[PDB]
Structure formats: C-alpha cells, structure tokens
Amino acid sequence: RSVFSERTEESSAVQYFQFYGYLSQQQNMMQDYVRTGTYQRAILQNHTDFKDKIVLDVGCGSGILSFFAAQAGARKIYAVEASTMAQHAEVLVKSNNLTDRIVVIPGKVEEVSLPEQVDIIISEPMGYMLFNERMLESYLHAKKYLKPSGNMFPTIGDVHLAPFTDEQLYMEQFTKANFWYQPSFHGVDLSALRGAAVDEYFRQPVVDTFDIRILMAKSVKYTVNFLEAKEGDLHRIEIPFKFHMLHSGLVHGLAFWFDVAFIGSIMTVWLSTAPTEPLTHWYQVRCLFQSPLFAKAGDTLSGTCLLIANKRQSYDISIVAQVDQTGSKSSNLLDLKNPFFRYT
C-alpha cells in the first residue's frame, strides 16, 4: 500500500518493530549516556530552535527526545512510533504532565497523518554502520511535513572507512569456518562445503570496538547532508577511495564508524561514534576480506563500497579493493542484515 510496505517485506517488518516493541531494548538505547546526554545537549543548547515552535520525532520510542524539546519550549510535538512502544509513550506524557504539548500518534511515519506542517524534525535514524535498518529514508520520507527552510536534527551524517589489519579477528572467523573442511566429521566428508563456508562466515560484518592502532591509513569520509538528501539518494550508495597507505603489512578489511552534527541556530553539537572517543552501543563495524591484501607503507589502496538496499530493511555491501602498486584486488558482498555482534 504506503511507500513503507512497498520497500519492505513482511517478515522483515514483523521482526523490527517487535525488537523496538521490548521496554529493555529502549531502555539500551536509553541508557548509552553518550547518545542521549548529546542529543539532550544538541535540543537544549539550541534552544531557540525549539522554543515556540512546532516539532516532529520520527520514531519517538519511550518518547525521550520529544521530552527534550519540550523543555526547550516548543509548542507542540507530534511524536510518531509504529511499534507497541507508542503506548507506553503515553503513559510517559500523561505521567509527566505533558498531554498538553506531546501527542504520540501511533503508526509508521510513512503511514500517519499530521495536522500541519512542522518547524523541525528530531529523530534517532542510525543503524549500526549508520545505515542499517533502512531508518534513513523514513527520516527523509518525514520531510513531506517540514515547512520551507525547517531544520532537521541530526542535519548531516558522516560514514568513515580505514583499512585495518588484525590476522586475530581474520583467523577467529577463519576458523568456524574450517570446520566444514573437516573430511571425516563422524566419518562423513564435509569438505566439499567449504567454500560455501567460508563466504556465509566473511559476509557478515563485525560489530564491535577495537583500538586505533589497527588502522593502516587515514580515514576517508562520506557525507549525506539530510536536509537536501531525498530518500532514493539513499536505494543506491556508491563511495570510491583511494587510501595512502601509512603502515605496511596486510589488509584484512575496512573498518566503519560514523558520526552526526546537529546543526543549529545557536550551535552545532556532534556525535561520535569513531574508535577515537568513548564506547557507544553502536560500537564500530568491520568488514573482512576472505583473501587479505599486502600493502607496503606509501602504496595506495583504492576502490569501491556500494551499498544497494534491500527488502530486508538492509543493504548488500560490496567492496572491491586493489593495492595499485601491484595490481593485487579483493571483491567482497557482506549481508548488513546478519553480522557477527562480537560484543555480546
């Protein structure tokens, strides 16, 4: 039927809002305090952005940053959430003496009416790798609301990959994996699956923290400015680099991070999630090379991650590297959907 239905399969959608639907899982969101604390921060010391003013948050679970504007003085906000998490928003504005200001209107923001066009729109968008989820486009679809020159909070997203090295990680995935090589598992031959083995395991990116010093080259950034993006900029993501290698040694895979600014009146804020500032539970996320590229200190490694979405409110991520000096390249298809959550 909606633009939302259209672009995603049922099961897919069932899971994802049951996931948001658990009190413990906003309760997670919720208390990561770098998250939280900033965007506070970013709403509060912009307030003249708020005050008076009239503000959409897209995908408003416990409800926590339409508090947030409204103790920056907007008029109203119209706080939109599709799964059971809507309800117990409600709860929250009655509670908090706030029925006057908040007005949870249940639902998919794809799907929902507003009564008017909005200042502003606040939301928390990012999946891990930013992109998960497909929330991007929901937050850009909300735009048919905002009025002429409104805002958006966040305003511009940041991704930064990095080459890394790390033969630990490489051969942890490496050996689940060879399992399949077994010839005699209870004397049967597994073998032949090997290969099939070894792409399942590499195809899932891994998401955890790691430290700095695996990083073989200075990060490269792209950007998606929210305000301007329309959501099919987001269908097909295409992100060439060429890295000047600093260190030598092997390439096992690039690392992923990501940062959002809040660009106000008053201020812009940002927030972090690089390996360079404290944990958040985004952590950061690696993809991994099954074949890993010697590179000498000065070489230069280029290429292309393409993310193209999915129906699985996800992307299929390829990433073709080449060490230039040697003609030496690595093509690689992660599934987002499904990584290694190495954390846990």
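Positions refer to the first chain, counted from 1. Here the rigid core means the biggest group of C-alpha atoms that line up within 1.5 Å when the two forms are laid on top of each other. First, how it differs from the form deposited in another entry.
- Rigid-core fit between these two forms: of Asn178, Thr209, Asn96, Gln117, the one residue whose Cα shifts 2 angstroms or more is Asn178.
- Once the rigid core is overlaid between these two forms, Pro240 does not reach a Cα shift of 2 Å, moving by less than that.
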Given for the second form:
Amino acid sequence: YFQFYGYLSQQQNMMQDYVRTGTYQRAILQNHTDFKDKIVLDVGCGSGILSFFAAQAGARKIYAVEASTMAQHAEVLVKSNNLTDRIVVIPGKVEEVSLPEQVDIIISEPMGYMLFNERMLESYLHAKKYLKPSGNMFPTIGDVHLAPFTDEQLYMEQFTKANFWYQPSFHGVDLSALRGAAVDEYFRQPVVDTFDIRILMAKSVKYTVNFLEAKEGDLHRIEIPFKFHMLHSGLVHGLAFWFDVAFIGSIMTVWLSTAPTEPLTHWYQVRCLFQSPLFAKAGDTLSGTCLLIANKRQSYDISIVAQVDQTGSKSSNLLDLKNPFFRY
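For comparison with the form deposited in one PDB entry, produce the structure of the form deposited in another entry.
A single chain, with no partners or molecules, comes next.
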C-alpha cells in the first residue's frame, strides 16, 4: 500500500478515469466559494491533483500529505506549476505528521472497491483532528448500495473453473478429492466487473456513512442489515455492491456514482456469490445481514447471510476482499 502507490503508472491509470477526475474538479470548482482564501488538507494526495484543484478555486494554503515516494513527484509538480508558497507537500502518514494550523476543509479520494477496501477511509476520518468546527469534508457522505442478482452464467463459471480438479489420472495422480475445495475457493472471491441492471431482482438497500460525524473505529466492524422486496421470480445467486459519494458544498451538492446505471469507472461494481442460490418469487422478502470485518491485510472479511422469509430457505458465504476476481 506504501510502495504500489509510489508508481506514476498507477497515478496515470487512476487519473485516466474521466468520471473520477472530472467529478472531483467539478465538485471543488462549482463550490469554489468554499475554498476561496481557505486552509485545506489533502489526505493521501498522490500526484497532488486535488491540491491543484483547491489552488484553482483560490485556496490560501493547502497541506498535501502523502505517505509514499509519490510525495517527491508531487513536490516536483508544485515547483513546476509555480505554487510552492500555496501547496505544502508533507511526506508521511497523516497519523504521524504535524500541521502548523487547523484547516477549513479536508479533501481526499479514499474510496476502494465496495468503498471500504484499502481502509483509507480510516485515515480520512483520522484527519478530522485537524478540522475546525466550521469545517467541511469533500467528499462529505458515502452511500453503499446492495441488491440481489440472478446470474446463472457467473455461478456456473465457478464450477467450470474447478473442473481441472476432476482428473482421476493427472500424470497418474487422482486430483478429484480437491475439486470441492477449489469450487469453494472460487466462491470466496468477490467478482469485480460491471453487469447490466436487468440482473437485479429487487431495489437496492442504502447504507450511509456521514464522514463529518463517523469515527475511525466505526469501520472496524460494519453491519448492514437488509430486507429486499423481490420484484422478479427466480434464483438469487448473490448480492451486488456499489457506492456513491456526495460533495455537499455551500453552492451545490455533486455526486460521484459507481452505480451500474451510470458510466463505468475503474471501481466497476462488486458481486459476492452465495455458496448456493436461493429460489424467490416476486412478492417474497429476502432478508439478512452483510457484515464487513476489517483485517490486518488493510482489507475486509465479508460475511453475507440471506433467507427468503416465506420458505425459510437460507444461504451464506464468507468472502475475502483481499483476493478479488477481476472478471472485466
């Protein structure tokens, strides 16, 4: 996490998501009266682009904190765009460094897959110790959406991928006894890619984090109960996840959405299969709990439990977000 982020090729890959770059620039500059003559903290600034957007909006002073060697590249951009007076790059972790001054506004891009992955939100919330009571954060809130999906093609792919392990004589070795463990491992990988909304079987449930109010420790254990009103009849193969963040400015509220009804981002969307699918009729209710537990690997364990109330038919899975399947 503090070596992968030191690569310009990584910063270049992320800056080429036009929705990400354009949405941040629009959020900041449409709300430019919220930056004019203010003090700004940029948390995990990377190449420094958000610090430049703050400068474009007339900020007085911007502290740009970056834990990786990307910080050295940022101080090169600040010197070459003639801004050393106004943008101060501070190499180090936002938890350990010193700021000479409290700030009017914190800006960051801390969203991983499914919003929480990489656990950079913990660092964004930690930075609030530097924020005046007056103060705002950009982004301001995050909504995670969950909905059940039906996708027999994706379900069956997990069996197909393991059918290597069926071989009773792979060079004289019987592999067959491991086929079930292989299936099982594939099912524990969250699937990162996009899909058509035609697969959703119910309207999404929304879980909101208010970054103005939430505290670092809220994200160690995230509990998301759901009740879906099934709009279609068939097999539910798992839950689909996406997120939206809102930049709530004085002038305007700007949304960055990773929803499958919006243009593609490099966040795609994430699907977690159940170990075995549930039959539900239109009219039935599908209820359960999604639990995200933060792990030492800077990711989450995802526990999902769902039952159809009308039948009592129940399914679950425990997925490792450290190990996604990038199907796109």
